[PDB]
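For reference, the chains in residue letters:
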Amino acid sequence: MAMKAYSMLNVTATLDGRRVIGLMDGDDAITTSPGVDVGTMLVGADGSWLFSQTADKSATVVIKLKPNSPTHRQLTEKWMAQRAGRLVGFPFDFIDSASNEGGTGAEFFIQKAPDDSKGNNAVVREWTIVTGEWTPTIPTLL
Amino acid sequence: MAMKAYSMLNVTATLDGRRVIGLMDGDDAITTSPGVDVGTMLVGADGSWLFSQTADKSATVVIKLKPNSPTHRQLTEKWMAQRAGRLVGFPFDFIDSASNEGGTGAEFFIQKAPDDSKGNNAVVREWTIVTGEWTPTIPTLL
Amino acid sequence: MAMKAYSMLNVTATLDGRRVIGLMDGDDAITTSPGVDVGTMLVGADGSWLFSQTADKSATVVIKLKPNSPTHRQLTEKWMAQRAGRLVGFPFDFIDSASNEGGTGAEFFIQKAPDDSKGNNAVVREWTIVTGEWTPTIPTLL
Amino acid sequence: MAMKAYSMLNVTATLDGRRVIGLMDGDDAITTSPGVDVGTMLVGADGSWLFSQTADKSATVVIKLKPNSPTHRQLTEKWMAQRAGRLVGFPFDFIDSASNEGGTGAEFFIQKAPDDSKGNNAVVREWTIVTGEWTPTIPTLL
Amino acid sequence: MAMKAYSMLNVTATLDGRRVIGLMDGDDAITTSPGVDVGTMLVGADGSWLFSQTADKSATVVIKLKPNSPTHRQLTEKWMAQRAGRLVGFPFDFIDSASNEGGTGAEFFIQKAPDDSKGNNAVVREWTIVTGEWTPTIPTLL
Amino acid sequence: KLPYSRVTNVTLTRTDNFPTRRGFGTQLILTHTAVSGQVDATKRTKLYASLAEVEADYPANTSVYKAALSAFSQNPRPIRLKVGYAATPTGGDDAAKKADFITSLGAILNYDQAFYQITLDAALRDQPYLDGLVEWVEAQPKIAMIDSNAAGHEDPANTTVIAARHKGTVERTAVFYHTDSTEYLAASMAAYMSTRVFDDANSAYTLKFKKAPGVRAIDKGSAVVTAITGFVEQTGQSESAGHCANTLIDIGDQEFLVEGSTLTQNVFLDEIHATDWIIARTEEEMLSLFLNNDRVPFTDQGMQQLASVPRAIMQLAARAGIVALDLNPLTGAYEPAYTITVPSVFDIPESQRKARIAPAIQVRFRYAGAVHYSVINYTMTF
Amino acid sequence: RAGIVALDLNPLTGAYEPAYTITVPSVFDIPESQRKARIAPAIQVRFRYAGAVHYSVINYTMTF
Amino acid sequence: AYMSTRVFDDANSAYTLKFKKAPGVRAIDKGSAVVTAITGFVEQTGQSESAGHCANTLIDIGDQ
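Protein chains in written order, with the working numbering: chain A, 1 to 142; chain B, 1 to 142; chain C, 1 to 142; chain D, 1 to 142; chain E, 1 to 142; chain F, 1 to 382; chain G, 1 to 64; chain H, 1 to 64.
Heads up, a few of these hints could be off.
[What the hints assert, rightly or not] Under the rule of at most 16 Å between Cα atoms (straight-line distance), these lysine to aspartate or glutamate pairs were calculated in the EDC-like manner:
| no. | chain 1 | residue 1 | chain 2 | residue 2 |
| --- | --- | --- | --- | --- |
| 1 | C | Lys57 | B | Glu133 |
| 2 | F | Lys142 | F | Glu53 |
| 3 | F | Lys211 | F | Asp276 |
| 4 | C | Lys64 | C | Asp28 |
| 5 | D | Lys57 | G | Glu32 |
| 6 | F | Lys167 | F | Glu239 |
| 7 | B | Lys4 | F | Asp200 |
| 8 | B | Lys4 | F | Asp199 |
[Stated by the list, open to error] The following residues of chain A were derived to be distant from chain B, with all beta-carbon distances above 10 Å:
| no. | residue |
| --- | --- |
| 9 | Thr12 |
| 10 | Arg19 |
| 11 | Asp28 |
| 12 | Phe51 |
| 13 | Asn68 |
| 14 | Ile110 |
| 15 | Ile138 |
These are calculated hints, taken from the structure and not from any lab test. Quick reminder that beta carbons are idealized off the backbone N, C-alpha and C, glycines included.
Based on the sequences and whatever the hints tell you, model everything.
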């Protein structure tokens with residue numbers, strides 16, 4: 001079970017059951033960030049201290065797409081479904097087969113919609129989705 | 001029905017019935033952005049969560065023009081009509097024939113007016129318009 | 001009536017009856033900007049909307065000059081007249097003969113005074129003037 | 001209709017109605033080059049791609065002349081007319097009768113002026129002209 | 001099946017179904033180059049390393065022609081078709097029969113257009129075309 | 001004054017309209033009915049444009065209208081059905097004899113070659129003379145499909161039914177077994193199959209195995225759905241333990257086609273459809289090569305010019321997902337997905353050179369399949 | 001540029017077709033018997049017109 | 001008066017129609033089935049020579 005070097009050919013992302021396909025160029029095409037800081041240190045006037053840990057386990061992910069990708073059509077249909085008043089979960093999941101690093105979330109929602117720029121060359125379309133519960137997977141292959 | 005590569009020769013924008021013609025150089029000549037975020041995640045002190053979706057479907061579009069373009073004359077007449085006290089809608093619409101991506105709005109208004117700079121070389125004239133209802137069209141050709 | 005290409009040889013600016021002559025280098029030597037936004041969109045908690053238009057038609061213009069120009073002397077005399085307590089209008093006007101784009105204002109006032117820097121090479125002197133009523137002219141030659 | 005071998009005796013260039021006569025020595029006496037690249041390929045992080053085509057059809061031509069040629073006098077009069085403030089088109093056209101290769105442009109402008117070097121032997125005078133619309137002719141004789 | 005020595009008499013290139021005929025002199029008349037590097041090595045502050053492989057399989061080819069060749073006429077017609085707004089693929093393919101080395105691409109586009117130089121002797125006309133997918137053929141005859 | 005219809009024309013109807021979405025193919029509907037105004041010995045076949053414009057065939061006849069009804073009833077729609085005149089005589093003057101039916105089949109090509117999928121509907125069902133179609137579509141670049149309205153395929157032992165007397169020997173025919181009064185071949189084929197465009201990336205519908213038609217009804221049972229479709233749970237599909245067909249089961253609240261339209265033990269419909277797209281595309285590109293060039297010479301340069309066509313078609317096909325990804329399926333080691341070998345005219349004698357028939361070019365394949373059945377284990381430890 | 005001449009595409013199929021051509025004759029084989037006329041030979045030019053729209057149609061199917 | 005002040009030296013200055021243009025001040029004629037005997041214009045087919053006589057009448061449809 002040799003440790004495969006990194007490659008985007010071996011990363012898979014699944015949005016509502018379908019694959020994510022037409023991604024923009026760059027080192028940051030799918031990025032997930034936790035919602036808050038894990039904890040806070042409180043130091044008093046005497047030198048004693050107290051740590052406090054949060055119970056909030058939430059995250060956002062940002063997906064950068066090309067103007068010609070089926071995932072853009074899927075996300076723009078989901079946006080219109082939300083605008084109509086139909087509010088459901090739509091899971092998102094992605095992982096790397098080389099290291100088993102990734103995470104899952106069983107209920108996501110659209111948070112930001114992209115800007116439609118036409119101009120002279122084609123440009124990015126950035127979507128943002130948010131969940132209330134994100135559990136990272138343990139990389140068991142280091 | 002081959003998927004046409006991108007080209008500004010196949011994008012059409014219609015403002016109050018007339019075409020938009022003299023556009024500045026760059027990758028961002030007509031850009032539309034939604035007014036607000038689609039939703040908000042609220043996580044409590046215990047780890048539970050709640051999502052909330054907005055009912056606001058509004059957008060602005062920014063149009064960058066050259067100092068010699070008939071659309072600049074049309075927009076400066078619309079600005080003076082608004083300053084006189086006559087307040088009506090004037091639809092705006094634009095679409096891409098290669099993918100059927102775009103959107104429409106039946107009632108727009110002037111929001112920002114450009115700066116008249118003379119200088120040594122010619123420079124941009126940027127207009128901003130706003131609507132209370134913007135519906136994106138579904139790209140059925142992906 | 002051929003549409004003349006742009007040239008600073010065909011732009012004329014008149015300040016209190018006299019021409020503006022010694023201008024600095026750059027693409028922004030005389031720039032006029034409106035005082036406020038034209039309007040504001042207000043969207044409610046239910047999705048309905050309301051636009052509001054302002055009655056304020058005011059502007060500033062910024063003039064960048066060389067340290068050796070008669071307009072600098074004229075503006076520094078106007079500044080001292082204002083400091084003495086004599087407060088009158090002094091019209092400003094400028095237009096482009098190629099497109100008939102420009103504007104006029106019948107009563108201006110000094111708002112900012114430049115900085116006198118000596119140094120090793122000569123540098124800009126920037127003046128700012130303000131009016132309560134600015135009417136753009138319609139470019140009838142597009 | 002035999003395919004004539006190449007010869008500068010069978011190339012004709014017309015500038016504002018008159019012929020171009022006294023040309024310098026070399027393989028590059030009249031050269032026209034397009035303003036920009038025809039298009040751009042955009043490849044994403046996943047391997048998908050998108051092409052984009054420009055709408056800019058502009059070109060420059062460089063003409064190298066001897067210090068004793070009537071075309072030098074014609075171009076130096078056109079330069080002074082532009083410096084006075086008179087800005088008009090002046091078509092340029094050239095073609096090869098052996099293959100029907102060439103192009104035309106109905107409105108050109110002076111862009112660069114030559115350097116007047118005296119020295120011990122006579123040297124080149126290089127002019128540059130620019131248009132916003134250049135249409136190549138199809139070589140129908142191959 | 002003797003290994004034939006190299007010869008341009010046994011190389012065939014097909015552009016949109018037709019042969020490529022009038023080529024300039026030199027050792028580089030048709031050259032194809034990959035768009036990017038195959039991969040990247042990343043070495044950390046401790047001595048450990050990580051390789052990353054790209055998913056971009058694109059290439060350009062440069063074709064150098066004489067001013068009297070039917071392929072020049074074909075390419076200048078394709079350029080005008082692209083400038084009109086018609087954007088399609090036009091395959092390109094070339095191979096060597098002595099070694100079975102070459103490659104194919106099912107959809108190309110014009111990227112650069114040549115310069116029309118007249119001068120005293122005839123000179124090169126260089127075209128550039130680009131694809132988003134280029135697959136080299138395996139030389140099975142070594 | 002004047003109406004607005006002086007300068008424009010705005011109408012309104014009460015009907016359902018879906019986008020067109022052109023695709024690959026066309027189907028054929030052969031029966032014995034004739035309409036006398038559009039097939040009367042002048043057109044062994046006749047084309048159309050849309051269903052609504054049907055007038056020649058009565059909107060109540062079971063054969064044509066009730067079959068075009070399910071042919072044109074997919075959410076995206078195909079176009080130009082190929083309407084029937086073909087075997088207007090009843091099977092044969094001697095009914096039990098299949099020679100007349102075979103000759104009838106052999107005399108309907110001579111008018112038209114634009115159909116790819118052959119469907120008999122609402123009649124001719126369960127006739128013994130139909131064996132000619134099964135024997136004949138072999139070595140014939142088409143697809144033969146027969147939907148019964150009723151038979152005894154539900155016995156995993158009997159040998160008299162269509163799918164029994166021809167099972168494991170034919171690789172280009174399939175059965176749409178069902179209950180009475182529903183036209184089924186038209187429901188999915190040529191209505192979902194037709195609007196499949198393989199010119200896009202990742203457009204390989206390798207299954208055709210869970211797909212919903214426009215409107216229809218399910219059959220019934222659980223242990224009867226394995227006598228038909230011959231599908232065992234996790235092993236696969238066994239020839240002895242069932243008869244292959246398609247029945248449109250329902251499992252949850254959804255109804256969908258099942259078995260993915262097999263033909264023999266483990267041969268599926270999308271394989272045939274996709275490879276036939278490959279062949280028909282190479283034909284079109286070859287013809288487009290003969291029309292652009294002045295000539296194609298009979299030299300080695302001409303052979304390479306000809307062989308340039310399969311090279312582009314294979315790159316087109318590997319992108320759709322039909323051709324495999326360059327790796328050995330057994331071990332995962334590197335292996336070429338496809339090769340193209342061009343022959344030499346050199347040692348082909350001039351005795352044969354004067355033929356103006358080029359030597360054959362040979363191409364190599366590897367298919368990329370898909371998944372029909374999944375397994376999950378779920379060990380629990382407390 | 002004004003929009004009078006068409007945009008370089010076949011109106012039937014949308015394939016590429018030149019909008020206009022200009023063919024220049026030869027004085028070479030025109031005899032000197034005719035050369036002394038001081039009347040130049042004729043130049044031939046080719047066209048294609050670009051029309052516009054007078055009448056529109058919209059269908060509006062309703063499904064409820 | 002409108003035809004004269006048409007400058008074709010600018011981009012996109014093709015008034016290909018001359019088909020819906022307002023004069024300074026004037027009056028309309030009357031009718032609906034009389035506007036097709038004159039101008040010979042059928043609804044969606046086009047303009048037929050046998051079914052009318054071509055001319056120009058300055059109709060009014062809306063308030064224009």
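Going down the list of hints, with the structure as the test:
{"no.": "1", "hint": "C:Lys57 - B:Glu133", "in the structure": "28 Å, violated"}
{"no.": "2", "hint": "F:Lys142 - F:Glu53", "in the structure": "27 Å, violated"}
{"no.": "3", "hint": "F:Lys211 - F:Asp276", "in the structure": "21 Å, violated"}
{"no.": "4", "hint": "C:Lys64 - C:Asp28", "in the structure": "8 Å, holds"}
{"no.": "5", "hint": "D:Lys57 - G:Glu32", "in the structure": "43 Å, violated"}
{"no.": "6", "hint": "F:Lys167 - F:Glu239", "in the structure": "7 Å, holds"}
{"no.": "7", "hint": "B:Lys4 - F:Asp200", "in the structure": "12 Å, holds"}
{"no.": "8", "hint": "B:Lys4 - F:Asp199", "in the structure": "13 Å, holds"}
{"no.": "9", "hint": "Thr12", "in the structure": "20 Å, holds"}
{"no.": "10", "hint": "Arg19", "in the structure": "14 Å, holds"}
{"no.": "11", "hint": "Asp28", "in the structure": "19 Å, holds"}
{"no.": "12", "hint": "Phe51", "in the structure": "16 Å, holds"}
{"no.": "13", "hint": "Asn68", "in the structure": "6 Å, violated"}
{"no.": "14", "hint": "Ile110", "in the structure": "5 Å, violated"}
{"no.": "15", "hint": "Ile138", "in the structure": "20 Å, holds"}
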